[PDB]
Every structure is written in C-alpha cells, then in structure tokens.
Amino acid sequence: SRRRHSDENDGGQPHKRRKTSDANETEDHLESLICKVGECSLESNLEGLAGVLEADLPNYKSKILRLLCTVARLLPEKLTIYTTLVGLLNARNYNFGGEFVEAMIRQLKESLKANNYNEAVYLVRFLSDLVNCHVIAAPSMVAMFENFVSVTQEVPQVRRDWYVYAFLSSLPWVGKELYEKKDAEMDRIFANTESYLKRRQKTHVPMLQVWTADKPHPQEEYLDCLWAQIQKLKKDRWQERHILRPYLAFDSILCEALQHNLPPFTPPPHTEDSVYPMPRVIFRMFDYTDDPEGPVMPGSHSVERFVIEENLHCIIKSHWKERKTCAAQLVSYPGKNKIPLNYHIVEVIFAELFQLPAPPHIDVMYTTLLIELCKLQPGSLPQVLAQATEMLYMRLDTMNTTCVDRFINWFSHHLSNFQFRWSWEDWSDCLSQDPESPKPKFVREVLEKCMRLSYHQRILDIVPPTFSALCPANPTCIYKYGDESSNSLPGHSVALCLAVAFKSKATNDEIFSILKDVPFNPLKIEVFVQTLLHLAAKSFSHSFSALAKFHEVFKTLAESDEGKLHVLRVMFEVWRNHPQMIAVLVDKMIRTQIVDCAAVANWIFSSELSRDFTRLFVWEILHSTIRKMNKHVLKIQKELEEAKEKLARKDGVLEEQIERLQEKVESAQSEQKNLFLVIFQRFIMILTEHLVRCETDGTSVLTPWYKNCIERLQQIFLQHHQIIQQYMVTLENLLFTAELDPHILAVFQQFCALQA
Amino acid sequence: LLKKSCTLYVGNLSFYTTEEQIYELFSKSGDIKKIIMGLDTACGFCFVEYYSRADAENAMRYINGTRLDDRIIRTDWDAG
Amino acid sequence: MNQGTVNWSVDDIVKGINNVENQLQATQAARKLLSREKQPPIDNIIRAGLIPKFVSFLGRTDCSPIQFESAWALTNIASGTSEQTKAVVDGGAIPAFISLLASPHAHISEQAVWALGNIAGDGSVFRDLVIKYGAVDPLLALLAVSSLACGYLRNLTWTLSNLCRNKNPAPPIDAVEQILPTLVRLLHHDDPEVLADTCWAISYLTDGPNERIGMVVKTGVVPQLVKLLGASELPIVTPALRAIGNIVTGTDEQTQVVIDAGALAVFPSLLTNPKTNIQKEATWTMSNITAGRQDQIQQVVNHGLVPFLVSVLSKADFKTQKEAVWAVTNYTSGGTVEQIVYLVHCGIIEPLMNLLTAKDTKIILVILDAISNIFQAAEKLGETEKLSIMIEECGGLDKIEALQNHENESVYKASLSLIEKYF
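Residue numbers (the deposited numbering), protein chains in the order written: chain A, 2 to 40, 44 to 158, 161 to 525, 539 to 667, 683 to 790; chain B, 35 to 74, 79 to 118; chain C, 69 to 86, 89 to 215, 219 to 496.
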C-alpha cells in the first residue's frame with residue numbers, strides 16, 4: 002500500500018557549494034566607487053558608474069541606497085556630483101529613484117529628531133539639486149519649503167532660524183527652478199521669510215561678533231547676510247557663476263526620464279529634548295581690492311561667496327583628521343570660473359579659528375593646516391597668509407579678547423616654526439601707545455609666547471632694540487630672604503635654617519620640626548614656600564621634585580582654604596617673572612590636592628593678581644583649572660555609566691559601588707557648580723565696583739580694563755556654555771537678576787540667546 | 035598596548051631643546067602629565087605622558103611633524 | 069608579474085606562503103584561484119602540500135585577514151569531489167573550523183559554518199564525523215536569541234540541513250532532538266532562501282522509519298509545513314511537499330495529523346498545478362493518504378478529491394498517472410463498499426481501463442489488482458454482473474483479455490483469474 006519515494010533522488014540539491022563571489026568585499030568596492038567618483045573626465049566616469057551600479061541592483065538594491073544616502077550626508081562638498089549619479093540611476097531605473105526619495109526623506113526625519121541639524125541641511129540641499137535632474141517635481145519641493153518657513157509662525163527662536171536657513175541655503179541650487187514653475191508663490195513665500203527676519207531679535211550679535219567695528223568689513227549675522235545674498239541673486243535673475251552642474255552635460259538622458267514627488271513633510275514638533283544650532287556670524291575680512299593681482303573676489307553679498315566658504319568648510323570637516331589630505335583636497339578645489347582660492351582657503355581657516363563660541367575643531371589643528379598649505383603652495387599661499395596677518399593686526403582695536411587669544415597663540419606657534427622670522431618694525435605704531443590698549447598688549451603677549459617656546463635672550467635678538475621695551479622680563483625668581491641685607495626681616499634666621507636643610511636633603515619630619523620656630540601661621544608658609552621654590556628654581560623638574568618630596572608639608576599648611584590661598588599668593592610673589600612656571604605649579608598643586616579650584620578662583624580675583632589681572636597667563640590658568648574640573652566630573656559620570664552597564683554575591687558588591695559612585699558624581703557636580711558660581715560672584719563684584727566708581731567719579735566706563743574684563747566674563751559663557759546652561763535657575767535667581775547693572779546683566783542675556 | 039597608551043616618544047630634537055619648551059608646546063594638544071628628557079648631557083629626545091589618549095592622538099596629528107628649534111619633531115606611540 | 073592577486077602561478081603561491091604580508095597575498099591568491107568561474111585548479115593546489123599550511127593560517131589567532139582568506143580557500147577545495155574533500159579532512163581541518171566559529175569576526179565564523187557544511191554535506195561518514203566533533207552545540211549556539222544578518226543566516230540553515238541529509242546511517246538521533254527545535258523557529262522565519270533550506274532539512278529527517286518521522290511530528294511543525302505548500306515561491310513548495318509526502322508514508326496516526334493540518338484542502342490546487350513535477354508528488358502523497366484507515370479515506374472523499382484523481386488519471390501524463398493509479402488501488406483496498414460504489418460512480422472504470430496497455434507490466438498488475446478490489450466490493454452487493462457489463466461496454470474486457478497473451482507470467486495468471494471469476 003504505502004510506498005517510499007520513487008527514484009533514488011532526495012531533492013536534487015548541492016551536496017557541496019562553492020563560493021564564486023562575495024558580498025562584503027563587493028560592498029567595499031561599490032562604496033569605493035560611490036566615493037572615489039570625481040577624483044578620465046567627470047561626465048565620463050559618472051556615466052560609467054551609472055550602469056555599473058545598475059548591474060548590481062538586482063542583488064544590492066537596498067545596499068546601494070545605503071551608500072548614496074550616506075555619501076549625501078557626509079560629502080556635501082560634492083553634492084552635485086552625486087545628484088547626477090542619482091539622476092542617471094533615475095533615468096535608467098524609475099522605481100529606483102522613488103526608492104531613494106522615500107529613503108532620503110526617512111533618513112532626514114531621523115537626523116532631525118536626533119538633533120543633527122547640520123547633517124539635516126546637507127540632505128535638504130540634496131533633495132533640492134535633485135530637482136535639477138528631473139528626479140523630483142518642482143511643486144512637491146516648494147511644498148516642503150512651504151512647511152519650512154511655516155515654522156516661523158509656530161517655541162525658541164533658534165528653531166525657526168534653522169528652517170528658514172535650511173530653506174534659503176538651498177536656493178542657490180534649486181532657486182532657478184523653483185522661481186520658474188511657481189514664481190507666483192515664490193515671492194509670496196519670500197514675503198513671509200522677509201518679515202520674520204526683521205521680526206527676529208539680533209541680541210546675540212554683540213557676543214558672537216569677532217570685530218565690533220563697522221569698517222572695512224562688518225561682521226554680519228549669519229542670516230541677515232545670507233538673505234541679502236539671496237536678494238542680489240533674485241535680482242541677478244537667479245543667475246549664478248560658480249556651482250558646477252554636471253547634469254547640464256546630460257540634458258539628453260535626463261529630460262527623457264520622469265520625476266517623483268516629495269511626501270508632505272511635517273517638521274518634528276519642538277520638545278525639551280531637541281537641541282538646535284547656535285546662531286552664527288559670517289566672518290569677513292577680504293574683498294576684491296585685497297587681491298588686485300588675481301581673479302576678482304566674489305562679493306560679500308554674492309551667493310557664490312556663500313558656496314565657496316561652505317564647500318571649503320565642509321572639506322575641512324571631512325579631512326580634518328589628516329592635515330596632509332585636508333590641505334591637498336583643499337587646494338584642488340573645483341569651480342565654474344577662476345577665483346582667489348588662496349584668499350578663501352585662508353579666510354575660511356580663520357573663519358573657524360576665530361568662530362565664536364568655539365571652533366569646530368581643536369585650536370592646534372589650524373596651525374598645522376595653514377603650515378601644510380605653505381608647503382603645497384610655496385610661492386602663492388604664504389604671501390596671502392602674511393597679508394592676512396597684517397590685516398588682522400591693524401584691526402585689533404575692536405577685536406574680541408577671546409579671538410585675540412587664539413591669534414596670539416597661532417601667530418607665535420607659527421613663528422616658532424620658521425625661525426621666528428617676522429618684520430617687526432611693521433608694528434612700530436605700538437611703541438607709542440598705552441600699554442593697556444590692544445596692539446601694544448598683543449605684541450607683548452606674543453613675544454611672551456615666543457619666549458616660552460624658545461627662551462628669553464633668543465627673543466631679545468630677533469626684535470629691534472626699540473622693541474626690547476616690550477620683551478618679557480628676565481624670567482628669574484625673587485627670593486625675599488636673598489643675599490639682601492634685609493636681616494631685620496621676620497623669621498630671617500629660620501629661613502636660613504631651612505636653607506641648609508634642603509641643601510643637604512631634609513626629611514619631611516625634619517622640615518616640620520624647624521617650622522616650630524615661627525611666630539594657621541602666615542609667616543610659617545612665607546618661609547617654607549619661599550625657600551623651597553628658590554632652591555629648586557634651576558628648572559621645572561627640580562620644582563616638581565619639590566612639590567613632590569615635601570607634599571605632606573604643603574598639605575598641612577594649605578589645609579584650610581585661607582591657608583591654601585596664602586600658598587598661591589607666596590608662590591606668585593616668587594615667580595611673578597616666569598608666568599609659565601606659575602601655570603604648571605598651579606596645575607600640579609590641584610592634581611595633588613595641595614590646593615583646589617575654589618581656592619584658585621579667588622586667588623585669580625585677588626589683589627596680588629589685580630596688577631596682571633589683564634595679562635594672558637591669568638586666564639590660561641583659569642580656563643585650564645575649570646577644564647580639569649570638567650574632565651573630572653565627566654570621568655566619574657563615565658565611570659558610573661560603565662558600572663551600570665557592567666550590571667547586566684557579585685550583584686550586591688557591584689550595586690554597592692554603584693551607589694557610592696553616584697554620590698561621588700553628585701559631589702563632583704557640586705564642587706563644579708560652586709566653582710562656576712564663585713567665578714561670577716567675583717566678576718559681578720569687580721565689575722559692579724568699576725561701574726559704581728566711574729559712574730560716580732564722573733569718568734567714562736569703557737576702559738581698557740573694563741573691556742579686557744567684560745569679555746573675560748563673556749568668555750566664561752562661550753567656552754563653557756553646555757555646562758552653564760545647567761545653572762540657569764540658580765543664576766537667574768541669585769547672581770544675574772533684574773537688579774544687576776544693565777552692562778553686566780546684558781552679558782548674560784546675550785548668553786541666553788545662543789540656544790533660546 | 036599602543037592601542038591604549040597615553041605617552042609619546044619624541045625624537046629628532048635639538049640637543050639644546052629644554053623641558054620647558056617641550057612643555058609649552060605639547061601642552062597645546064591637551065594637559066600633560068610627565069616629561070622625561072634623554073641623557074647618557080642631552081641626547082635629543084624625550085617621553086611625553088598625557089592623561090587621556092584623545093590628547094595623545096592630537097599630538098600625533100598636529101604637534102607631530104611640525105618644526106621646533108629649527109628641527110622637525112618626530113613622535114611615535116610608546117608602551118609606557 | 070601578476071596583476072594584483074589575480075591569476076597567480078601555482079609556483080608563486082607556494083613561495084609566498086613559505089613575512090606575513092606575503093603569506094596573506096598568497097593565501098588570497100589561492101582564494102581567487104579556488105573561486106574562479108571555470109575549472110578551478112583544485113588538484114594542483116592539493117599536490118603542493120598547501121592544505122596543511124592553510125590549516126595553520128586558521129590558527130592565526132592574531133592575523134585575522136589570513137584566517138578568512140584561508141577558510142575561503144579550503145571551503146572551495148572541500149567543494150570538489152569526495153577525494154578532494156577527504157584531503158581537507160585528513161589535514162585535521164575539521165577540528166579547526168569548529169574552532170573558527172568562536173571568532174568575533176562576522177566574516178570568519180560565517181565562513182567556517184559554510185566550510186563545515188561542505189565537509190559534512192559530503193557523505194554520511196563526514197556528516198557523523200563532524201557531528202562527533204561536537205559541532206552541533208556551537209552551530210546551534212550561533213542561533214541563540219532576527220535581527221541577525223540575512224546572508225549569514227542562510228549559510229547556517231544550509232549547513233544544518235547538510236547535518237541531516239543522506240542515509241546509511243541516518244544522522245544521530247540525539248543530534249536531531251537538539252537540532253529539530255532550532256529548525257522549528259527557523260520554519261517560522263520570513264526569508265524564502267532560509268525557509269527553503271528549512272523544509273529540505275525537515276524532509277531529510279522525515280526520510281526514514283516511523284521513529285524519525287515521529288520525532289518530526291511530535292515537534293509540531295506539521296501545521297506549518299502545510300502553510301507553505303500554498304506559498305508562491307516554488308522553491309518553498311517542493312521542499313515542503315516532500316517533507317509532507319514523506320510524513321504520510323508512516324503510521325495512520327501520523328497521517329491523521331497532516332490531514333488535520335489542512336492538507337486535504339491544498340491538494341486540489343496542488344494537483345491542477347501547471348508544474349508537472351508538482352503533480353507527481355501531489356498525487357503520490359494522495360496514495361499514502363488513501364492507504365490509511367477507512368474514515369481517513371472517507372475524508373479524502375469529503376473534500377471532493379476523488380473527482381480530481383480521475384482527471385489526474387484521465388488527462389495527466391504518465392508518471393502522474395502511475396501515482397494516481399496506486400492512489401486508486403489503495404483506495405479500493407482499505408476503502409468501504411459504499412465508498413467503492415462512489416468511486417465507480419465517479420467513472421473510475423474507463424479511465425482505469427485505458428491504461429491496460431502501458432509498457433510497465435508492474436502498473437498493469439496493479440490495475441488488475443484494483444479491478445479485483447472493486448469486484449469483491451461488488452460481490453457483497455450482489456451486483457457482480459452489473460459491474461462486468463460496464464467493463465465490457467467500454468472496451469475494457471478486450472484490454473483485460475489482450476493480457477491473456479502477454480509475456481509476463483504474472484500478468485497472465487492475474488488477467489486470467491479475473492476473466493474466470495467474473496466472466
């Protein structure tokens with residue numbers, strides 16, 4: 002009855018398979034092509053890659069889309085090049101283009117709810133240029149631009167700012183199309199954007215501007231500037247002369263293909279989690295006159311200028327981790343016509359190095375980049391960088407102390423590379439000015455850096471004998487109980503005792519016994548510290564051996580906060596000639612708990628430091644003491660977030691460390707807040723004082739000191755915004771209230787604008 | 035080991051380059067922890087222990103390959 | 069010089085393998103050689119004592135790239151015949167690949183699974199051999215706790234099927250009780266290329282005694298196997314149709330399961346399927362269903378399947394008719410009298426007679442056997458003669474008599490006994 006399967010088969014399947022191809026090694030070759038494309045001609049390789057990708061679609065239809073979307077968000081400096089490669093894949097395969105637009109839109113909505121509003125725009129400007137490839141219908145594009153500007157009538163201002171930007175940022179590309187099939191509602195939409203911009207509050211400008219001056223080049227708001235650019239464009243009949251459009255060489259293949267539609271986009275509503283970008287301020291220091299030798303520089307209002315800087319900015323973003331690759335791709339920058347790449351490549355690097363609040367990358371990054379371009383462009387770039395410097399200098403009068411710092415740093419670390427060679431007499435105008443004012447101050451602070459990198463006498467030589475009046479003084483200590491016959495000094499004999507103690511290597515228990523001969540004891544510290552530093556004043560190592568060896572001695576003295584201060588005060592009285600020596604000692608005295616941050620803060624705003632309160636080293640010590648506080652707060656938070664993860683007998687033993695690490699966090703976060711609160715307390719104090727004084731004595735408020743301090747207060751907000759945005763309640767109720775002097779209250783209000 | 039070390043071997047240095055200079059410079063790519071000059079007098083190199091590795095990386099990208107005392111600084115990863 | 073690692077001479081690879091950057095490009099050269107479209111030089115490489123060297127590159131705990139490149143190579147050597155695959159086994163490679171499964175690298179272990187599948191997929195020996203090396207635990211472990222890779226998953230589902238395929242002996246029963254559970258959750262996946270190798274693996278298991286089939290039935294996959302029979306992707310139906318058709322070849326209780334699964338509702342479509350090969354299997358499974366108890370046969374009737382069998386016998390090609398014949402014979406065998414009549418009422422007479430001319434004397438003996446059955450049923454109705462008339466008026470009587478002068482003794486003995494008893 003029942004029968005087994007006829008025939009001696011079993012399905013007819015492979016007993017053994019043989020790998021004839023691969024996926025991974027292939028999707029690395031597809032990625033390579035989707036990348037290396039645009040490095044033969046362009047329209048040649050593009051057309052070739054168009055088909056090669058298609059011949060891989062049956063298997064990797066979903067993978068090829070991954071690379072394209074990725075490349076679209078990571079490489080905006082090639083936008084067009086890829087808007088074409090897609091337009092072709094759309095000209096041969098229709099269902100592909102739709103499976104891409106649907107992809108982009110989705111990818112976009114992700115990075116939008118992920119607070120990546122910078123990558124977001126990249127994609128937005130991509131969909132735009134896809135209209136220039138008949139891949140997207142002009143209407144459905146304006147549809148998205150009707151719900152972008154719609155936001156202005158919705161909440162924070164930075165939010166509205168962005169959508170208005172993401173929209174206007176695209177017009178240089180898809181503006182000639184939009185204002186062609188719908189110029190009816192175009193101007194009507196512009197009528198909306200127009201009003202909003204005027205309605206906006208330009209309160210943050212004074213703080214974000216590099217130069218507060220008006221001439222020659224004004225530092226305009228990142229929007230009001232761009233807007234005028236779009237206007238000069240609409241007037242020029244939407245004609246632009248730079249953007250490279252490869253698809254204009256494929257008019258045949260494209261026109262035939264059909265288009266797609268953009269699904270009605272509704273912006274993800276505003277939540278208390280979304281973090282919008284901070285308002286920018288277009289950095290400008292060049293016009294066509296600065297370069298009469300080369301091509302005419304695109305106007306400051308020319309929409310081309312908005313693109314040049316843009317692409318250059320992104321080019322650095324994509325290769326900043328490699329200076330030899332960054333400068334390379336930087337010099338080899340395309341374009342429709344000839345433009346001064348030197349004057350832009352430079353004005354872009356400075357546009358970042360001086361960007362407020364903070365640069366997109368580490369400060370030292372740009373120092374090497376510019377140096378690499380001088381190797382890559384030996385007889386063209388350097389001259390531009392030299393002039394760019396001369397120009398910066400002449401405009402120090404109205405610069406921002408914050409930016410001024412990075413200029414002092416870069417310049418000095420630049421000279422240090424090229425034998426400190428620099429025609430100094432170029433800046434003779436400073437020899438006859440108030441030392442307090444910029445230029446004179448700058449040259450000193452700079453010659454102070456050059457010294458630190460080399461040494462004293464080295465600098466004395468290079469600078470003209472007339473500039474020797476600005477050279478940093480001979481960096482030697484000051485031993486109060488020195489060879490001076492000041493025998494009648496308090497505890498003179500004892501200081502001599504310690505002198506032989508250290509000269510013969512004395513123990514900790516020994517130095518203590520001797521200090522039992524001094525009348539909390541101020542003079543007891545004024546002798547030990549004074550003596551030690553002197554004996555170990557040969558070099559840094561000896562000093563670090565000092566703070567090390569007799570660490571216990573210090574700890575006992577600098578136990579009370581008042582005592583901690585006195586240690587610094589004395590340690591300063593000894594090294595008031597060698598600021599660098601102070602920075603490191605103030606550093607190793609914090610990392611060894613000899614003193615702390617709360618102590619340093621006060622000592623900075625103390626009367627011993629009221630003489631050099633304006634100098635640079637005072638702040639390269641403050642914005643380094645706070646950094647340590649943050650790197651310590653984060654260190655624990657991290658160490659806690661890795662102990663909670665690890666939690667996935684041992685239980686209790688681990689949950690135990692969890693609790694103890696959470697109380698460690700709450701503590702570190704506390705001292706951190708105290709530090710920042712102390713800062714403003716001392717600032718608000720010394721500022722209110724300088725105001726109540728001048729406003730009474732019948733004198734002007736705007737003094738070299740008031741300026742070089744008010745910005746030091748502002749600099750705290752800028753360089754540490756993320757954190758200070760946590761004490762808003764406390765500050766608003768205790769420190770900065772409506773009963774605070776307007777000039778001091780304004781500096782805080784300017785801060786609130788950064789993300790509100 | 036090198037994939038997690040926070041110290042740099044600094045080579046090709048001027049026999050007159052001092053710890054002070056090395057400090058002022060390498061302090062640009064983060065906070066430093068320790069510096070040890072090479073001897074036998080000078081020998082033309084030193085070690086630069088940072089705190090984090092992120093700071094150490096930045097010294098390999100920027101402070102590395104640059105010129106100091108008219109010589110090009112050569113820094114490599116070290117194993118403590 | 070060779071352009072990249074493409075088309076290297078055998079003399080080169082040996083020299084590069086014997089610096090690691092040479093051992094890597096060389097191992098990669100062998101890779102591209104063992105994976106070229108046309109006749110790979112598998113014989114040449116094995117005679118160069120390279121196989122043993124490839125084993126070491128597996129144990130390169132430090133050099134990841136060469137581990138992968140090597141595993142790829144060997145895999146394309148164990149893809150050859152039984153003698154080539156043997157050389158790999160002899161080189162203690164079996165223990166090595168099972169050790170490459172642990173690797174955190176997705177491209178290595180996945181390349182090891184594949185590598186093992188080829189060796190085990192050879193014969194029953196290397197299958198059990200691999201299983202003996204306790205490769206069951208790790209391979210199944212790689213399926214512990219979507220959202221795993223797609224391509225990766227297939228190579229596992231495939232290597233697993235090769236751990237169930239082939240007989241004499243059959244894959245260890247314990248190695249099945251542990252694998253089956255995995256083959257079940259896999260059966261509920263979504264990927265066709267995975268669901269395919271799943272059914273195959275199952276069919277392999279259900280290609281033996283009632284114990285084996287019992288194992289696969291007591292797991293509860295059956296209801297799902299019938300759910301795929303109606304699926305679109307043809308590469309899914311065939312592997313499942315076999316898995317089902319093999320289930321019914323067991324106990325009557327193992328049939329009442331696949332019958333209660335809803336198979337008797339899919340067959341109508343399975344039979345009138347343009348794919349002829351699917352007709353054969355469909356009507357084949359039909360036989361083993363009608364071979365069971367009576368009430369089961371009464372269910373084959375209830376779902377109006379009989380009228381389909383007739384067409385499957387009166388129009389379909391031969392190989393499908395040979396099965397439709399057994400399905401009719403067995404039907405008349407265990408079937409009831411009031412069911413026999415229903416079969417005669419469906420006009421099974423003539424269609425059955427027309428086949429009394431086939432060249433396969435076996436099918437002939439069966440038709441005569443099916444005739445006797447209908448008669449013995451007709452006897453208990455006293456309608457012996459009434460039947461004889463029908464078989465006569467449709468030329469059948471002639472076809473039966475034409476057998477009297479046939480070469481096969483049995484055909485004569487059989488065709489004669491019928492003529493005598495009922496004519």
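The hints are simulated quantities; they were obtained by calculation from the structure and are not laboratory data. Mixed in with the good hints, there may be bad ones.
[To be verified] Each computed DMTMM-like pair below joins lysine to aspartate or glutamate, with the alpha-carbon atoms no more than 25 Å apart:
| # | chain 1 | residue 1 | chain 2 | residue 2 |
| --- | --- | --- | --- | --- |
| 1 | B | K68 | A | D615 |
| 2 | A | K607 | B | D116 |
| 3 | A | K657 | B | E87 |
| 4 | A | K342 | A | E47 |
| 5 | C | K291 | A | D11 |
| 6 | A | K568 | B | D65 |
| 7 | B | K38 | A | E658 |
| 8 | A | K65 | C | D264 |
| 9 | A | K17 | C | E306 |
| 10 | A | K607 | B | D108 |
| 11 | A | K522 | A | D606 |
| 12 | B | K37 | A | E106 |
| 13 | A | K241 | A | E150 |
| 14 | B | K67 | A | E571 |
| 15 | A | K238 | A | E114 |
Inset, instruction - May I ask which of the numbered hints given earlier this structure violates, with the numbers listed in increasing order? - result: 10, 11, 12 and 15
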